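Just one chain follows, in the form deposited in one PDB entry, and it is written as structure tokens.
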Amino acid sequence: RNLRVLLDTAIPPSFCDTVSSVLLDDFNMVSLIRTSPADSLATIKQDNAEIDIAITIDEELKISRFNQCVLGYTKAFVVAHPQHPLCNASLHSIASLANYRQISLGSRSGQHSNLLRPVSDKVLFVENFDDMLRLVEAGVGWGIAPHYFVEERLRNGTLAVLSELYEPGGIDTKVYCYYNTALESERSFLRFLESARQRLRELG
């Protein structure tokens, strides 16, 4: 009995180490699959992907063949080159973010949800977060990326934060867990959440 799991690129590696660790105690065949958060909800809807669990930040409660629950929380920031014109982080900057270029991720389906849809009118899409930060480091525009994708570049001064005025301490983001309805009965999955969650709580 194989178990195909989905972890988007927005899941920090700490979360990743916790998921894989537990599943191996009861399940003996686990397939980890990485996807862009814009393509997470899309790939699980595919009838042929046969995805059994998915751990993404994207929001969509009414999904067929799937339930929803929360695993933990994680921070994300609005980054930009330290010399970007909007570097002032002013209240007018938070509002005029929709007037400058944003570097959001591209959806293989061309569709974005309310959470991940680009907020700005001038947008430039990319494939993964790696390609985003490169363009952001070059002052091309601003974007929203996880904390672990940016923790290093900030201490090096390579990037600057602008969301503090919007949400201090970073944009707390929910990490949902979509699980096939067939697993709601098997107690092996029950033990997974109680363990995966209790460990993520120890992080903070």
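Note that the rigid core is defined as the largest set of C-alphas that superpose within 1.5 Å between two forms. Numbering follows the first chain given and starts at 1. What changes on going to the form deposited in another entry:
Annotation: the position in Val126, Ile94, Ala76, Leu71 displaced by at least 2 Å at CA between the two forms, with the core superposed, corresponds to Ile94.
If the one shown is the form deposited in one PDB entry, what is the structure of the form deposited in another entry?
Here we give the lone chain, stripped of any partners or molecules.
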């Protein structure tokens, strides 16, 4: 039968690399789908999408018709222009960053998870990290981005990090894997889980 895997934008692509390497060996067709973390959960719930596996950071225990396991952790950072105001203060709190503009990830349904619910009251919603960064690089605000996006930008100084007194080394965020009940009865999935887990570990 056909499979349809979903990976949110927070998960780096070299992960879907190793996901498809494994699943094809014991399948016919594997469809990889990318979505904003704000849209990931809402997508699988639609019975119309026939999503069989979802791999995202958003959290929910009330998801129905699916199950839930943990694959590992990804990494995120609070970034802002190097000359952005809050780099002068090595001691900026949540209530201090809530008074500036955040570049959040707006959802296509309007709902906002407790995960990606913006922190600031002055917010400017986007649908993807590429646009979140095009703004943050212009100094329009700050935002929380995956490590793989802000990796190059941080090394060459186009972009600085604000989240080091909060959590040194970046904000670790669980990657979860929702999966439809029927795949419980199958090896390859268990083989995929063990490989996906060892795959997210190697990214540290």
